[PDB]
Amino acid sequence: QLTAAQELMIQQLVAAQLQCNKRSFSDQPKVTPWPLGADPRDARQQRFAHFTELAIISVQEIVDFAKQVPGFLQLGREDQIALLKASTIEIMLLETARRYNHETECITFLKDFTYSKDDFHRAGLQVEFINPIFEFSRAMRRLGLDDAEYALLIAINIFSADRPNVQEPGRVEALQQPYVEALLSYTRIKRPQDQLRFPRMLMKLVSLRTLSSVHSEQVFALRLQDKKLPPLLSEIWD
């Protein structure tokens, strides 16, 4: 059985997740609306802007989230910054997968709005990034994670000691381990008869690293098409 500490650390995470997601419902109508009624280059830019604008919202939700993960604020500020520079896209990819719906083959963001493979392509993104996103999301759906599992995976993802420019990786590892132990024990209990579900979970952190590279390749490729990231996204990903 889960310990009280372990249950609390899941409940802490799931609840922080919810308070950070109020940024999503408030800032939903503020955004550049997705262009209805468009011909064949005006609309291509608006969709792109729209996608950046949701990304910004997510970056700020991930900042706010991390600040509430116990231990995070007590890491040196440079390591905090370094963990969030690296884990941000990956948390976004988890959140994208978490909102994937296999009936419609569409991803949900900010409560209501949904996107297809083709919306992503209508925003000027290339197939080399879009296809892995949807395979990841499909893969993540075959694992059937609940909120607790996703939460724990995001916490583990933040506390990755081997990110670039971490100056006290040891302190990061010490914060990561309890969350990994928690997930181990959680998966055991939920699914006693599936000894491979936990490993498959950790293996998604492997996929997330490569997907992080593919995203950098995508932002690289986007500047050749007059599409430079806005200021808050430039400082994380250029």
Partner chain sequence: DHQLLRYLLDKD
Contents of the next structure:
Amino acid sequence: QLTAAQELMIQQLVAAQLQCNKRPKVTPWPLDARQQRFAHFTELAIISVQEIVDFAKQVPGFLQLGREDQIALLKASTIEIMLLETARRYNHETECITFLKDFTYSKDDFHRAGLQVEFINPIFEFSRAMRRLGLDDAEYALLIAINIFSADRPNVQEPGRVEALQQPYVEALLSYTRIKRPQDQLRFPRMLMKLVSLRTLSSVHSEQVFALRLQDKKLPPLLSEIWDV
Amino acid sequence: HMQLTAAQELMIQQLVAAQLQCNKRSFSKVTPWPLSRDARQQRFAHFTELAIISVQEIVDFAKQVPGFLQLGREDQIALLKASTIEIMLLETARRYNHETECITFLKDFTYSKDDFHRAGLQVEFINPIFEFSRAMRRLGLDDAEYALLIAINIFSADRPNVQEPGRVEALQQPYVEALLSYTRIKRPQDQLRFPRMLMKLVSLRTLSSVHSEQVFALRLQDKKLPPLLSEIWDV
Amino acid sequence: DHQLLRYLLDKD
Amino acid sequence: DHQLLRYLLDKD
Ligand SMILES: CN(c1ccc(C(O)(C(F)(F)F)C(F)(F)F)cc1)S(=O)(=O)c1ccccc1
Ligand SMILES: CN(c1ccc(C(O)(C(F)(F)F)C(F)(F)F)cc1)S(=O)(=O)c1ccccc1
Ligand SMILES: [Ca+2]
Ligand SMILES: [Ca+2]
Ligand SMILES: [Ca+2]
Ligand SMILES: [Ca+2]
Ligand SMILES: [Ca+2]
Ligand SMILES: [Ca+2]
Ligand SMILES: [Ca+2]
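With the form solved without the partner chain done, generate the form deposited with the partner chain bound in the same format.
First the chain shown before, then all remaining chains and molecules of the complex.
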């Protein structure tokens, strides 16, 4: 028993998000060698940032925000939404993440690009754990919508409005989980707890970025504006 | 859906009573507040000494949460090191006056943003503290909900250097369930109260990261933490 | 500031 | 490691 709207709105979210997963050329992976790998990643990041914004514009409500809050919400949730997408494309038998249509990367490939274990491991711990919860399309879609409308992001001008926008997505997730598995009531909490983990991941990601500042690696100006100190 | 089980009702009263207790033993003396480069360092000492008092109360209360000491001593360390700053921020919110925007740390002494600033703290930390304290008051938790939320925050399998995540996540369940049943009963018409409360755990986690940066920014400024705090927050 | 987001938002 | 903390936990 989801309302007629909820069921539809959820289909439109999943549609939107699929259309974004399907809707490009990057610096091919090496076979200097270290730097070509790093660049390769920063270009994957640039591409996902683009899908994420493309998705956001289609999340109902999002464009009711002023432009600066749109900016503020996306600046904060970008890396967090990324890690969700990574987690979602993690193959457990192979232990590799598959990125566009074909590409596969191991906990070691990440090491070759220049990332550090302090950041690399927790990403895989999170991908593993995200697999235990076993989310379907609808849940990832709502969870992402919920992450976007976080009234507590730095520099948000209309916190009240953002929370009111988040509210319906929380309701829909709550019901959905009460029906898909009326068995486990703790499934809803446990999903929200992942949002908590994402904040810590975002923080670890920033350290990873600061790290590269010394290890003579830097990101394109466009990503730099989103993630630098 | 109209009434708590006696096991849950009991669990809640023990936490509430434990918290009340640890806060009384907290009543039973720090560097005074300066009414100068020494004054600058003294205000900081003042804050750090209030912080030491808080940590002690927090450890004391965590020891009284059922199941906490049944954990590996090492995981006890791990959970507290992560927890302490978040639980402090919850208790700071609990002392926040929304009308004049200050926090009462003792009895009749009130601290404002400028007071925090005169103790060497930076606005990028200060404002997020007041922001969160403000948001918390909108939520208006009672004794039972505060006590449960803190129990739940302590038992986060999420934390760094936790050796037995599964034990930790197993302890947290009954407290999560209790909070869930408690809010449905006391506030049946607000279906989102439980979710909003968990959402606060998300905020606290960012706030923890902001505090670390404050701690780091104090190093580059010649201000070091006293032994207990250092033990907890330095790297 | 945040030209990547501003550009992507204006795009279309 | 974590000496003063290890104390607080041990009291009583
Ligand atoms: C979350 N991960 C990640 C994100 C950003 C960076 C970086 O920000 C840095 F290494 F600097 F931290 C950079 F620069 F590579 F993009 C590095 C790693 S990821 O590998 O799973 C991923 C990459 C692309 C797209 C989607 C997910
Ligand atoms: C959360 N805040 C805080 C916590 C820790 C510190 C510090 O850790 C540092 F400034 F270094 F960041 C220190 F050292 F003062 F305690 C500074 C401020 S508080 O002002 O609300 C508060 C102070 C005292 C007691 C309870 C709460
Ligand atoms: Ca997406
Ligand atoms: Ca490979
Ligand atoms: Ca306490
Ligand atoms: Ca104000
Ligand atoms: Ca004062
Ligand atoms: Ca003020
Ligand atoms: Ca004053």
